[PDB]
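Protein chains: 2
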Amino acid sequence: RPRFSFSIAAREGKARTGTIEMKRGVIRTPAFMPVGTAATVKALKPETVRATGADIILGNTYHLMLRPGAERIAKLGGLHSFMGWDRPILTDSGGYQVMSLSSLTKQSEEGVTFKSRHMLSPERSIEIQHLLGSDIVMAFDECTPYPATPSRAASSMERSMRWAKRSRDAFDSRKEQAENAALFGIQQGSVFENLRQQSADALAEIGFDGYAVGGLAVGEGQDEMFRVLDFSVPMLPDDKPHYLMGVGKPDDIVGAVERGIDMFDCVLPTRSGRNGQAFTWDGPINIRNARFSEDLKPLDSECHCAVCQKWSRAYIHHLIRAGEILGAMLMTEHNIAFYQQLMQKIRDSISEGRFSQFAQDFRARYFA
Amino acid sequence: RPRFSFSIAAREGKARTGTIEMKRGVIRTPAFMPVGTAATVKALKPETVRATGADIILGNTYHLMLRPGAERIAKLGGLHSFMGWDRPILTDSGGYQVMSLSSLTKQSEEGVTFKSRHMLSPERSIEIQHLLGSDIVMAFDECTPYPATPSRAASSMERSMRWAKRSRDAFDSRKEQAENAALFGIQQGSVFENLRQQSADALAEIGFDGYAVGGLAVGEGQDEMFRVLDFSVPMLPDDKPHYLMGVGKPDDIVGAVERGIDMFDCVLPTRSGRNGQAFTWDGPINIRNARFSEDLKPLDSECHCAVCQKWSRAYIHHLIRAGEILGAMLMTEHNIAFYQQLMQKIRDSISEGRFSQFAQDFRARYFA
Ligand SMILES: Nc1nc(=O)c2cc3nc(NCCN4CCCCC4)[nH]c3cc2[nH]1
Ligand SMILES: Nc1nc(=O)c2cc3nc(NCCN4CCCCC4)[nH]c3cc2[nH]1
Ligand SMILES: [Cl-]
Ligand SMILES: [Cl-]
Ligand SMILES: [Zn+2]
Ligand SMILES: [Zn+2]
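In the order they appear, the protein sequences are chains A and A'. A prime marks a further copy of an entry chain.
The first sequence lines up with residues 11 to 126, 132 to 383 when you count with PDB author numbering.
The second sequence lines up with residues 11 to 126, 132 to 383 when you count with PDB author numbering.
Read the hints as simulated data drawn from the structure, not as lab findings.
Do not take every clue at face value.
As the list claims (entries may be wrong) - Heads up, simulated EDC-like pairs for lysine to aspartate or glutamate below, C-alpha to C-alpha not over 16 Å straight-line:
1) A:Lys360 - A:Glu22
2) A:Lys360 - A:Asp310
3) A':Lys33 - A':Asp224
4) A':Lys85 - A:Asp253
5) A:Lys264 - A:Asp224
6) A':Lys255 - A':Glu31
7) A:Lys180 - A:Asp224
8) A':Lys255 - A':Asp310
9) A':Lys255 - A':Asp224
10) A:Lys85 - A':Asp310
11) A':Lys85 - A:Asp310
12) A:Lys255 - A:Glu220
13) A:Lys24 - A:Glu367
14) A':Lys325 - A:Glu57
15) A:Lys264 - A:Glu235
16) A:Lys325 - A':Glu194
17) A':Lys180 - A':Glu220
18) A:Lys85 - A':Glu309
19) A':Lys24 - A':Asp297
20) A':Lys180 - A':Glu120
21) A:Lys24 - A:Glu235
22) A':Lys360 - A':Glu317
23) A':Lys190 - A':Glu138
24) A:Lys52 - A':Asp310
25) A':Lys325 - A:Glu220
26) A:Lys325 - A':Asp96
27) A':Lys255 - A':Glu309
28) A':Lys52 - A:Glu57
29) A':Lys33 - A':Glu194
30) A':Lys33 - A':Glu119
For reference, chain A alone in the conformation it holds in the complex:
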């Protein structure tokens, strides 16, 4: 198996479908990555994550470096062995989470020091991801807060680009990592076209295996996110994967694919599952609602998941009302399966040249 090979099998407008081949497996694109921040996709065994159709999951440098620790995970045989997931794992670099979750931060050209006292930098981030045994390593960046003035966005993006080069160099210096893993760069520039262009130029000059659109899904809303994607995605190399970080709701995913995105991750299906929200083709439902107390239908009428084959809305309603762990388990498995089925329909429709019609049909029903 190759270290990293991206093939585009079909296109429709800006949308693409294909595969990334890696040593630990094949990733079908457009891809959705379930989030496994604490070395677990919450409430699911890895075998169940795979059963839903997931090809790859997301982990986090920031969380794992704090608990259980990067050196510790390496001593225990690496993240794959530790959590029992043998397929590809993409790890975020800490760039976002250090600023989102830390009680106090000190930012400088060297990197970021923070209180959980720890340090992250391009070099340390890449080293941690090496110790974890990540398959797709993210460059260490800064997710510019929204909104930002053009000047603040510019200085932030420029620092990220210097950090991108340091990330590239650190990754390339570690022979085993360079041989077995892939490195993605992260575009910044807030909502500004000229900065997005400068960022894309800088990343392409360095050269990466894939390119993430960073700095979005940070409160700007779908209209603005789509506006920025409209000009930002075409700036990235066409022949490499495009990864939209932290997106999103089903309609966000469809629109982002229409704009050239190949990869997604989001806590929504897992988190909202635990909170009682189930995704269906007719839009989300809250299973806690009294209207479901005697509803014998599955969560979704078409869904092929094991939950929908076996249990009723009424039962899951009871479980979630009761605070039962099995409620969280079943809701989560269903939601992750729903997300994977969405990605499968997207892939199939692009392959068949009917993605535009799929997007239209999807929205008409989902938002009816």
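Given chain A's structure and the hints, the job is docking chain A' with the ligands onto it.
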């Protein structure tokens, strides 16, 4: 398949091993029943409960009548369909739980009224268990508090015996229930030999499919519980199953089998699993302890369960420390599997006439 047929295949001293055949499946005895109070064995899919080796699970009249409701479960197709467990279910009658969990109770010859305002009586308890579709129905009784004076124990036991007859009559009046389910009586009498005898006599005169030893595991401790079992179990009909309610720790189970008990239920493996206690052949361990943070061994070195085949102590330690649902799932599956393996070893050793040696070996190692 028969409604109810108990066969004893082998004996050693007071210990027996055999099978109960019922319409929904065979129960190997001595049997351990995982507890499923809220219509779920906490943190496990029914398929996982079955995978551990369980033949039958326990449900509760008291909890289910309050949430989601007995009529509601019947409208939804019965408890088996509702929760997705198609094998036998034994339901406790509410006799214990109404007094243990209710905020206020009023006790009379008719039954018990309580605040969650509801009513339980022999007739209502049997009706609820009918609506649930229970396979083994428990008589509605009173679990005498411990300690009790001989006179208080006597009056309590006598009321339970009158309630046992009312339970028998209510069950027999419902043709579908009498055709498809079994009814067990519950012996009371606290710690007093003469009262236990009077209770056994009363139950045998009425006639039941099985006989539970009630009124124990209520704070008396193992020495006293065993002392009472020594004289109480031989009073019950030899040719019917003997069920010790609410027991217990592994050593309690072994000693109770040595005293003629065929059936057990306890929340210990599930509850203590969630709390970080794992059962092993060398005694329980608390997986949260720092000593496990880098321990690559499975929870137990011999255990055949899926958890022990795949994950380390170190990983489970991390999960439980982090409050992750998967931690609860894995600990629970392992503990329930451990309990089932204990029952299998008990069954095999009695079958082979080496149970005494097994009990000795078990204790020497478990308590080393
Ligand atoms: N290294 C790095 N750089 C980014 O610019 C970035 C940008 C991101 N934007 C998000 N948004 C997450 C949105 N999420 C939606 C569901 C509820 C929780 C928040 N996650 C991100 C992660 C990111 N990681
Ligand atoms: N109907 C009925 N009658 C009883 O005499 C009875 C006696 C019981 N004794 C227990 N003890 C439960 C012990 N358990 C150990 C693990 C922690 C929680 C308490 N459960 C019982 C249930 C019972 N149910
Ligand atoms: Cl997210
Ligand atoms: Cl118990
Ligand atoms: Zn489903
Ligand atoms: Zn095990």
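Hints, verified against the model:
1. A:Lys360 - A:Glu22: Measuring from Cα to Cα gives roughly 14 Å; hence the hint holds.
2. A:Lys360 - A:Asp310: 27 Å, violated
3. A':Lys33 - A':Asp224: Roughly 14 Å separates the two Cα atoms, so the pair holds.
4. A':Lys85 - A:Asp253: 57 Å, violated
5. A:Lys264 - A:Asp224: 26 Å, violated
6. A':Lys255 - A':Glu31: 12 Å, holds
7. A:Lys180 - A:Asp224: 14 Å, holds
8. A':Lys255 - A':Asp310: With Cα atoms ~46 Å apart, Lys255 (chain A') and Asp310 (chain A') exceed 16 Å; violated.
9. A':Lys255 - A':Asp224: 6 Å, holds
10. A:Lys85 - A':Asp310: Answer holds: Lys85 (chain A) to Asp310 (chain A') is near 11 Å, not above 16 Å.
11. A':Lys85 - A:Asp310: Holds. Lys85 (chain A') to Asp310 (chain A) sits at ~11 Å (cutoff 16 Å).
12. A:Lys255 - A:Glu220: Holds, at roughly 14 Å.
13. A:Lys24 - A:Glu367: Cα-Cα ~15 Å, so holds.
14. A':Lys325 - A:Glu57: 11 Å, holds
15. A:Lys264 - A:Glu235: This hinted pair holds, its Cα atoms lying about 14 Å apart.
16. A:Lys325 - A':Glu194: Measuring from Cα to Cα gives roughly 28 Å; hence the hint is violated.
17. A':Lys180 - A':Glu220: 10 Å, holds
18. A:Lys85 - A':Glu309: 8 Å, holds
19. A':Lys24 - A':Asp297: Roughly 26 Å separates the two Cα atoms, so the pair is violated.
20. A':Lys180 - A':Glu120: 13 Å, holds
21. A:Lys24 - A:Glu235: 22 Å, violated
22. A':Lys360 - A':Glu317: 13 Å, holds
23. A':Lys190 - A':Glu138: Roughly 14 Å separates the two Cα atoms, so the pair holds.
24. A:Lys52 - A':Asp310: 23 Å, violated
25. A':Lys325 - A:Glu220: 44 Å, violated
26. A:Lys325 - A':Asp96: 12 Å, holds
27. A':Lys255 - A':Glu309: Roughly 49 Å between the alpha carbons, so the hint for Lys255 (chain A') and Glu309 (chain A') is violated.
28. A':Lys52 - A:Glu57: 20 Å, violated
29. A':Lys33 - A':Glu194: 10 Å, holds
30. A':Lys33 - A':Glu119: 35 Å, violated
When each numbered hint is compared with the structure, violations occur for hints 2, 4, 5, 8, 16, 19, 21, 24, 25, 27, 28 and 30.
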